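Note that one protein chain is taken out, while the other chains of the complex remain in position.
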Amino acid sequence: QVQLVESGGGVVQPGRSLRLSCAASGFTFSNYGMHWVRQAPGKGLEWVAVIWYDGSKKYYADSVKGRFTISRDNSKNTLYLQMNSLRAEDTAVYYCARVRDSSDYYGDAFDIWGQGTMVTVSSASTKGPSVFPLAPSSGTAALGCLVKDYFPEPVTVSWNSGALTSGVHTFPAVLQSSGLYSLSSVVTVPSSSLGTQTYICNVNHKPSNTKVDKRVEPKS
Amino acid sequence: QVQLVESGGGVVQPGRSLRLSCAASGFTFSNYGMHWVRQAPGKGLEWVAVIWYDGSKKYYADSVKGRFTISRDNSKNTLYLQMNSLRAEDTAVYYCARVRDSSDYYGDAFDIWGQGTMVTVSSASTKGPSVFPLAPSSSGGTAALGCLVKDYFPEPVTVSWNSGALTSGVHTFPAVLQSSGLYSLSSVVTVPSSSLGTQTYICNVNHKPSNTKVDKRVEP
Amino acid sequence: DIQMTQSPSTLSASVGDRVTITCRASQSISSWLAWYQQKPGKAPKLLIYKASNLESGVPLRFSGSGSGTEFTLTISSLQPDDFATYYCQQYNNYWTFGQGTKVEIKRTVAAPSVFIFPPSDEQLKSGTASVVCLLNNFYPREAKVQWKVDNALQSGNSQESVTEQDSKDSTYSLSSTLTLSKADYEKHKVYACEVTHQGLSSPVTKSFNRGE
Amino acid sequence: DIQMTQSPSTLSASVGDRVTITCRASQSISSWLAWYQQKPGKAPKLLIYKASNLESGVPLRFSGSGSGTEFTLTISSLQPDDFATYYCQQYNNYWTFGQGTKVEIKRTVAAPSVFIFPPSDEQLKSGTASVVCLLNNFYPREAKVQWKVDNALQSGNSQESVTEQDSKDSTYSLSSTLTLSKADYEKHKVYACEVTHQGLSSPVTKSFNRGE
Partner (left out) sequence: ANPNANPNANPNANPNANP
């Protein structure tokens, strides 16, 4: 089972530094050149750096040159990436990829990838979310919860302590111009049961130890 | 003068070991990667092994892997080849070749070869040859006669006629390896049939590896 | 710097269809091209290397053609496991990728169910106000949501968010969030989102008067 | 493993002729191909490297073309020094060689002179018996020597040996040696070698009855 495992990602502020490590197993890591490839939230793929099989040659993308430094430890089967003077645009998931092996003069495609590691660069400090109810108004009615202003990602939302799943839509978060995240979670229910059944959403934001349960009832 | 000189080959039985040495001069042996290439009797070229200029990398052919070991001494300007657990199919002439110098990152052709060294692996023990006469009888004005040099090992033998006095019209055939593991050749000469009675013909077989010298009279 | 351009950007197809994706390079790259497959949340997966070669372990229904500047990834017969996003990559002059083609599941047209949500009284006590309008279970994804505050078309204050295709009915759901200040929210009366979709005869407007 | 296949294996030519040798690869090797010249007893000589580059000191009559899988060594005008064996070699995926092309000197047709030799009385005393039949000074090499023991075509018990082309007249000489046991030799009466050659009108038979 040949695999690559990135690690070391997290939340950092602009100007700060972070170090990513990618641990190889199942193959001979000292015979392969490696790459770093990052993928910004909701965008395509971007190349970062390449290192030779013996670390004798290193090349960097113009968008990280001088700031990033690639390295490897062939005795522990580990690839590294030192990221200095981090910027907001550097926010992405970082993959390590393996160059397919050939005896030819030129390199080949990336035939093995890791699961990635998320690096988030934002000056915003940690903040818990506020939960506001989306009340239904006059055969099927809709209601939900607004999980506004939190940092960083992610949050988890459940309804009736996990009892309610059918018809639930938890939308992907969007990054507000303030640097804080905000998502919504909605669910369609029979309008006849609006009075009989009570509906409660369960927001959980582990990075700030914030747990909120908000009752969603029709306003008068 | 830029040259390569192989040495250390000989005749051995299967399972025995040999070490080949190839002495370089005229160039900087410490800067070139070297190869070993062998050529079985009457066959094409086969690659054996390669060693880097500093001996840091080695690759071998699958037919010698585990049995052969390539090495080099940059302080003696010498390439080596340790041949352990020899087999009959290892019988060949072994050349050392120099990788051509190029400014690119890829390897080149073998631009300089040595004269080779003969390695013979055979279970047959040393045996001297028997010499049988090929007598002429009764074709146009010139008749043919010769000597049969049957059952010897190893190669080679030398055959002359009338103690070197007779050379014109002589054909000494290349030896062939019989199914017994012993070699056998013939040596013939065309002579005027009028001198069949006047002149006496004697062939001179010489097998130095067994100290065998035979003079055989060929008469009708 | 070589730039890769994929077409189309989105592609609807059903199981069993023959799917063709094209990838164009800003300059000749010989046959130094690769094709990758990526599903949401997972890693990319090598499919085709050197323009046409099939990566070991990848099903034979994946073929790659092309040389120079025009290339083609072809799925001879689409399978339920093949709905994902596909990237092409050149490795002739450094390494650049295309923006990707998403292969989506095709289904019958389904009109969205529209719901508008006034800002909560609790959020108004804080100072800000956000108005949410929901598009529930629709296909195709292409939809247009416009906010009208007192019949003044708003632009710049809204943010949309869309769900992935439903595992059950293969539909989408969208949420547009208009965010105002309490100052500007308390002064106006009528708030509406106008939804345009292929399944709707005419555009549908859901609205409310503030304080009703 | 990449395999190289040369064509042809043998080639007759005179001084001044244009000689073309082809070398084909089991898969693409780009331009990583070399050409070597080898004469009997000597070492190989590098002639051409990277398909087309001529090694310094090699006459310009040696040219090389090709890329991918099909390559060609061309001798624009043959010279007396160029009669040898030529090998092609790839150095793209490890190192393999072609089986070789032997360039032979052409001359006019010359029929062989056949001589048959019964086994010596001395050899029969040992237990074995060898019957030698000689073909002296002929061209081309292609000859068929068949043994018929009491008019029964023998196969498997004979071995041929051929000399290199004569330095003076460029002719060949062959020796076919039938080796039998004293028991098998004493049971049959008539022994003959039947020689088929281009220079012979009809096949030539030289024979003897055992005991003359």
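Residue numbering begins at 1 within each chain, and the chains themselves are lettered A, B, C and D in the order written.
Going forward, a residue touches a chain if its C-beta (ideal position, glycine included) is under 8 Å from a C-beta of that chain, and two chains touch if they have at least 3 such contacts.
Remark: the omitted chain is touched by one listed residue; of D:28, D:31 or D:93 this is D:93. The residue from B:103, B:138, B:168 or B:179 that touches the chain not shown here is B:103.
Interface note: of B:33, B:114, B:146 or B:154, the residue touching the hidden chain in the full complex is B:33. From the options C:49, C:91, C:115 or C:139, the residue with contact to the chain not on display is C:91.
Chain C residues in contact with the hidden partner, per the touch definition given at the top, are 32, 91-94.
Think of the hidden chain as still there; on chain B it touches residues 30-34, 50-54, 57, 59, 99, 101-108. Residues of chain A in contact with the chain left out of this view: 30-34, 50-53, 57, 59, 99, 101-108.
By definition in this document, only the chains that are shown with their structure count from here on.
Computed from the mean C-alpha positions, the centre of chain A lies at a distance of 18 Å from the centre of chain C. Computed from the mean C-alpha positions, the centre of chain A lies at a distance of 72 Å from the centre of chain D.
Counting partner chains per residue, chain A shows two or more touched chains at residues 105.
Counting partner chains per residue, chain D has residues 94 touching two or more of them. Of all the residues in chain A, the ones that touch chain D in their complex are 103-105. Interface residues of chain D facing chain A in the complex, by the touch rule stated above, are 30, 92-94. Listed in rising order, the residues of chain D touching chain B in the complex are 32, 34, 36, 42-46, 49-50, 55, 87, 89, 91, 94-100, 113, 115, 117, 119-120, 122-123, 126, 128, 130, 132, 134, 136, 159-163, 173, 175, 177, 179, 208, 212.
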